[PDB]
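**Q** So the chains spell out like this:
4 protein chains.
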Amino acid sequence: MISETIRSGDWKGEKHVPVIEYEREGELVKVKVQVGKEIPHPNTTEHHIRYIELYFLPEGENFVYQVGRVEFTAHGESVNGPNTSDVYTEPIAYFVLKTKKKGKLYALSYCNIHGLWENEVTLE
Amino acid sequence: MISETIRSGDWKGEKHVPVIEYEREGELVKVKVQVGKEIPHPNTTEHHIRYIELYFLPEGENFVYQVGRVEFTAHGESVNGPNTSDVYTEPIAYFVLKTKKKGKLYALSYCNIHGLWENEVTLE
Amino acid sequence: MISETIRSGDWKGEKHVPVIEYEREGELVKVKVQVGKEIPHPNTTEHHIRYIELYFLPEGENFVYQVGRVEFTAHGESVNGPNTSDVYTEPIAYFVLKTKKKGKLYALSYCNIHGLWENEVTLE
Amino acid sequence: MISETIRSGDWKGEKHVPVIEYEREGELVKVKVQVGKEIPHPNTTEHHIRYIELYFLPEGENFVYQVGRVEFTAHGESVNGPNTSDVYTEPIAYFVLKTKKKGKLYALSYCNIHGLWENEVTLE
Ligand SMILES: [Fe+2]
Ligand SMILES: [Fe+2]
Ligand SMILES: [Fe+2]
Ligand SMILES: [Fe+2]
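If you're matching them up, the sequences are chains A, C, B and D in order.
Here the first sequence is numbered in the authors' numbering, starting from 1 and rising by one per residue.
Here the second sequence is numbered in the authors' numbering, starting from 1 and rising by one per residue.
Here the third sequence is numbered in the authors' numbering, starting from 1 and rising by one per residue.
Here the fourth sequence is numbered in the authors' numbering, starting from 1 and rising by one per residue.
Looking at chain A on its own, in the form it has when it is part of the complex:
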């Protein structure tokens, strides 16, 4: 099972845990997912969060839907060496989702050296 490589936890003590927050405005659900809300995650050429993915499993349904994927692609690398570009993409992802359904939202994130991480929250 691939799940044996996915870690979870308390984002209060664990900096890798993706934190999911949302604000439902009408038929629009604005979701914010970030890594390092309490404990800041490094963002260097050698160590950084590569991306965050958001999934949505509607209440009572059998198939999860991938809502979106955000890749953080700049990590200081340049022809002058690692951490010299002064260009870094922070692990903060925003998704605007249009739905009137309820269910569960899942976040899947990947650190280039610390593997896969997940979290979830109920979409009321």
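Just so you know, these hints were derived from the structure itself, not from any lab.
Possibly wrong hints are sitting among the right ones.
Identical copies go unnamed one by one, so any copy, or any two together, can satisfy a pair.
Claimed, not checked - Calculated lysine-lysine pairs in the DSSO-like style (CA-CA distance at most 27 Å, straight line): (1) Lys-15 x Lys-37; (2) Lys-30 x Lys-12; (3) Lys-104 x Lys-12; (4) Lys-102 x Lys-30; (5) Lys-98 x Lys-12; (6) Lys-12 x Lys-37; (7) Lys-12 x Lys-101; (8) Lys-98 x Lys-30; (9) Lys-100 x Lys-15; (10) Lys-15 x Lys-98; (11) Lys-100 x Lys-32; (12) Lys-15 x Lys-30; (13) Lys-32 x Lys-98; (14) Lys-100 x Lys-12; (15) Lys-30 x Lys-101; (16) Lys-15 x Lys-32; (17) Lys-98 x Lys-37.
Starting from the known structure of chain A, arrange chains C, B and D with the ligands on it as the hints suggest.
**A** Structure of chains C, B and D with the ligands alone, referenced to chain A:
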């Protein structure tokens, strides 16, 4: 050249043109990119914006950096047919960039049936 | 846990399950992953495999590494309607990995209406 | 224009240019794209090819289709430091395209400190 397949234009009359807006806060540059600001773009199983990419070429430098990529992966598809899931991901992308440099930001977006689209703005 | 949305099984019954095969040639490991090895998986505008990801957990290590990601982006869509372009990308992904380590390879695939699917094989 | 950040050239002299080769087997077009054919390209934590994308503009049509995208995500990074994992993903991408149409194929690749690179061949 691939540029012969990339279209551009004024987003006040062309719904496909990605619109770039940003807010500088310290060393943090918050960028918002969206397709269909004025003229909303369809988002159906048959026709939808697939993703938006953000690039940054610092002033006076020779190599552009990809800042990030956002894929909008839900477009109504379900086992019950096209446009039946009530789950759609709107073409609105947000990027949090950490840099003190100035330059030019580029947005590249792709429609599943209307090809590639671009736009750019100066990052002051 | 996201694992509750991930399905698995024998590829001899479920035309979904991603099938992993590899050939080691020294330091080079060529991996082939595909969905629909037995009974072909549909590839229409309405129903298709979006991508296949390959992961590698070296023997005795604690963090899994994402080896690669292949997105199949053409599914017949065109300005003339769904399934009219005559351009389809088959769900067959190849990965050339350079490593002398052994361990476990995992494949994760996403169907646009049937959720996430996984499979794994030991890399000797 | 984003094209001002995209470089092109002779693959026999520039170890960055993506080389496109294909084979037509009836209805299937097997496309191989690689960076570093003539002059292998560094693949270190600090300097590596991030991905290769393949596009297809059918003869006489107005909209280019993205056929696929392959991300090479492992570049030696580990908790031990840069270039210590012994896990690297080579910049070799394979695409299986189902189409009876002819036209032009374009490859777009991104090095992490060298920007965007392109190439194109006629699909007969
Ligand atoms: Fe980490
Ligand atoms: Fe469109
Ligand atoms: Fe399916
Ligand atoms: Fe390079």
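**Q** Please go over all the hints and tell whether each is borne out by the structure.
**A** Each hint tested on the structure:
no.: 1; hint: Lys-15 x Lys-37; in the structure: within (7 Å within a copy, 35 Å between copies)
no.: 2; hint: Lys-30 x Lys-12; in the structure: both (22 Å within a copy, 25 Å between copies)
no.: 3; hint: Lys-104 x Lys-12; in the structure: within (21 Å within a copy, 31 Å between copies)
no.: 4; hint: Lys-102 x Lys-30; in the structure: within (13 Å within a copy, 30 Å between copies)
no.: 5; hint: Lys-98 x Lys-12; in the structure: between (30 Å within a copy, 24 Å between copies)
no.: 6; hint: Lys-12 x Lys-37; in the structure: within (8 Å within a copy, 37 Å between copies)
no.: 7; hint: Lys-12 x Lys-101; in the structure: neither (29 Å within a copy, 33 Å between copies)
no.: 8; hint: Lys-98 x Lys-30; in the structure: both (9 Å within a copy, 23 Å between copies)
no.: 9; hint: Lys-100 x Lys-15; in the structure: between (32 Å within a copy, 25 Å between copies)
no.: 10; hint: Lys-15 x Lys-98; in the structure: between (29 Å within a copy, 19 Å between copies)
no.: 11; hint: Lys-100 x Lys-32; in the structure: both (18 Å within a copy, 24 Å between copies)
no.: 12; hint: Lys-15 x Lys-30; in the structure: both (23 Å within a copy, 22 Å between copies)
no.: 13; hint: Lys-32 x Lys-98; in the structure: both (14 Å within a copy, 18 Å between copies)
no.: 14; hint: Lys-100 x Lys-12; in the structure: neither (31 Å within a copy, 30 Å between copies)
no.: 15; hint: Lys-30 x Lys-101; in the structure: within (14 Å within a copy, 30 Å between copies)
no.: 16; hint: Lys-15 x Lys-32; in the structure: both (16 Å within a copy, 26 Å between copies)
no.: 17; hint: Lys-98 x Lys-37; in the structure: both (25 Å within a copy, 16 Å between copies)
Consistency with the previously given hints fails for numbers 7, 14, ordered from lowest to highest.
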